[PDB]
Amino acid sequence: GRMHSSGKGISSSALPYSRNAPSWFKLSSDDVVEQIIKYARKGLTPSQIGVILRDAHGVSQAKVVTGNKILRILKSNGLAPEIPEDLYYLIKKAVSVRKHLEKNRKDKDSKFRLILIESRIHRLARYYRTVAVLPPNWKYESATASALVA
Amino acid sequence: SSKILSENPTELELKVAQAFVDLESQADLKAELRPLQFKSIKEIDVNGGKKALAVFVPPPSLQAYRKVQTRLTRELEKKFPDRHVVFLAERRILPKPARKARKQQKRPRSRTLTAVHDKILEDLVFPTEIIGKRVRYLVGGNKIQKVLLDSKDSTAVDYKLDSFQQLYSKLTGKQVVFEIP
Amino acid sequence: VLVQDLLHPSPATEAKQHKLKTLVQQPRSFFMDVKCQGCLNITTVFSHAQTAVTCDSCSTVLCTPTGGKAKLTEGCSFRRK
Amino acid sequence: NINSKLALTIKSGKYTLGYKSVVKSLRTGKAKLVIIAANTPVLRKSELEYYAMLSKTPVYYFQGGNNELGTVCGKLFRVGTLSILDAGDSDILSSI
Amino acid sequence: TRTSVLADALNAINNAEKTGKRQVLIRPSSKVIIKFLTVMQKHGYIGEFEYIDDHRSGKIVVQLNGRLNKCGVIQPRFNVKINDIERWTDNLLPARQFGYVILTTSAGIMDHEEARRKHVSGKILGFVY
Ligand SMILES: [Mg+2]
Ligand SMILES: [Mg+2]
Ligand SMILES: [Zn+2]
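Residue numbers (the deposited numbering), protein chains in the order written: chain P, 2 to 151; chain J, 2 to 182; chain d, 2 to 82; chain AD, 11 to 106; chain Y, 2 to 130.
Derived by calculation from the structure, the hints in this document are not laboratory data.
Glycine included, each C-beta is placed from N, C-alpha and C at the ideal position.
Some clues are possibly wrong.
[To be verified] List time: in silico DMTMM-like cross-link candidates among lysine to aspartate or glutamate, alpha-carbon distance up to 25 Å:
1) J/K144 x Y/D91
2) d/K20 x Y/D112
3) J/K134 x Y/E87
4) P/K27 x J/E123
5) d/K82 x P/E103
6) Y/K60 x J/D46
7) J/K171 x J/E12
8) P/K70 x J/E12
9) J/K144 x Y/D85
[Stated by the list, open to error] Short derived list, chain P residues pointing at chain AD, Cβ under 8 Å:
10) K43
11) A144
12) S147
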């Protein structure tokens with residue numbers, strides 16, 4: 002495990018055996034979608050929408066209630082971001098490290114971490130291009146990354 | 002006979018719909034039993050002198066039946082004694098295409114035989130929910146499924162289960178065992 | 002021990018196992034009904050909540066996130082669903 | 011944090027970028043907030059906040075120059091000042 | 002990463018039979034694994050086995066009877082013509098009178114004698130004796 006480390010951590014979520022909604026869930030499959038779209042317009046990405054839903058609304062999984070995954074619902078309503086969320090956060094972190102490097106040039110560790118982060122961007126961006134999530138001509142440029150995230 | 006979505010219903014199909022035109026009499030459950038419809042009623046004999054009643058329903062109408070099925074099963078089984086009532090949707094199974102077969106549109110997984118049989122086995126035990134399935138592969142060669150059910154609402158089916166296994170055997174040819182741990 | 006019922010573990014030792022190492026992995030977390038002391042309003046809160054959930058009536062924090070289970074503030078009572 | 015808050019306004023709300031549009035937006039009273047870059051000249055700055063004083067408009071002093079303010083707004087050019095006419099999905103007006 | 006679930010499956014059985022255990026839990030399951038065990042079970046080298054549903058690849062519990070000397074996979078799954086099967090049985094099996102090489106052919110997963118009876122060949126998949 003751990004593409005860019007020696008770690009072998011196994012921490013993750015354990016989905017329940019049941020694929021049906023809990024008996025106590027009373028909200029409809031409708032009421033959740035407007036709740037999901039409402040939070041997406043607040044600027045929340047699908048990961049942070051799902052955490053708030055279970056944290057504050059008792060929605061254990063949006064799929065067992067609505068029937069579709071959360072990002073699939075935004076994409077059906079024209080609210081899917083152009084860059085997928087995980088790739089955006091990889092690029093945003095890489096932007097942040099380089100801005101720190103430009104002020105601290107002797108931070109040789111940060112230069113090393115930046116190479117790992119950007120390599121992770123190119124491998125994932127290459128995947129998003131084969132599946133036509135990104136344009137075939139989409140390429141990550143270090144100079145113009147700040148425009149995309151800032 | 003307007004309740005039945007099939008041409009030339011059998012006499013048994015008419016009687017069940019005749020029951021269907023009598024339970025809306027109490028208005029607590031009247032505002033929703035009018036749109037409910039079904040296509041066929043396949044009936045088989047289980048051991049002990051009882052008879053199994055399988056109600057076949059168009060798949061889009063199932064979620065409407067589930068709102069009153071808990072009530073509806075207890076009263077229709079009283080009206081028809083020594084009858085075990087389950088509600089199944091007549092899902093369609095598309096055979097797996099052969100290697101040299103002419104290309105058709107991609108078969109969705111919900112139309113596959115494993116998924117449909119997993120579904121009728123779940124519609125069979127509606128009041129309860131499935132908490133686990135195991136499959137033993139005995140040395141003789143035959144295979145037996147085991148289904149473990151949740152104790153909530155167990156009282157609606159806990160006296161049957163044996164009717165379900167033989168009814169499932171009728172539909173699939175496989176052996177199943179229902180267990181409430 | 003060479004001969005053992007792997008299919009029927011003792012439920013006591015099955016519960017001490019890590020959550021991913023049971024026969025079928027099952028989360029040990031749950032959802033709660035939080036009664037704030039100030040008013041009476043059912044608010045469904047995840048046991049391991051990452052959000053400082055606030056009830057609709059008064060903008061008062063019901064729970065504060067920790068490393069693991071969220072810690073409910075004083076006067077808030079929970080009942081597991 | 012406010013850069014992220016301001017970014018939501020650029021995506022969803024309404025704005026004008028630049029000194030000439032900002033002073034016009036202060037004249038019509040349609041400006042909700044005026045954002046000024048750190049390297050903006052004091053003469054232009056003390057005049058923007060005198061217009062805002064007459065217009066009763068809050069001023070936020072961005073800590074960066076006109077190069078960093080432009081890229082926060084998702085632009086590839088420099089923005090010395092901008093006015094938020096309609097904060098949309100954001101709560102920037104409630105966060106000063 | 003995990004490149005062959007059948008190799009992993011037989012290794013857990015192989016180590017338990019050598020240590021004398023009479024049962025093994027296998028994770029994850031697959032069609033090839035299940036059919037490999039049925040061939041071993043049909044010839045009596047293992048007992049009853051159980052498939053556990055976790056809404057995932059699955060799990061298996063196998064009962065071992067102590068009669069199994071060794072079962073294993075052959076990676077890669079070499080292409081085997083019918084006349085090449087003899088060379089494979091000579092190299093892999095202890096004698097000419099017992100033991101089986103399991104092949105996956107278009108006629109199904111089967112031992113080398115069943116494969117000779119029905120006159121088909123495919124890719125070698127493993128062995129048992
Ligand atoms: Mg690992
Ligand atoms: Mg590597
Ligand atoms: Zn409250």
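These are the hints, each one checked on the structure:
1. J/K144 x Y/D91: violated, 34 Å
2. d/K20 x Y/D112: violated, 40 Å
3. J/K134 x Y/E87: violated, 42 Å
4. P/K27 x J/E123: holds, 22 Å
5. d/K82 x P/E103: Violated, at roughly 53 Å.
6. Y/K60 x J/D46: violated, 36 Å
7. J/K171 x J/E12: Satisfied, since the Cα-Cα distance of roughly 22 Å is no more than 25 Å.
8. P/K70 x J/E12: Not OK: P/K70 and J/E12 at ~46 Å, beyond 25 Å, violated.
9. J/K144 x Y/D85: Violated, at roughly 35 Å.
10. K43: holds, 6 Å
11. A144: Result: violated, 10 Å to nearest chain AD Cβ.
12. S147: Holds: closest Cβ of chain AD sits about 5 Å from P/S147, inside 8 Å.
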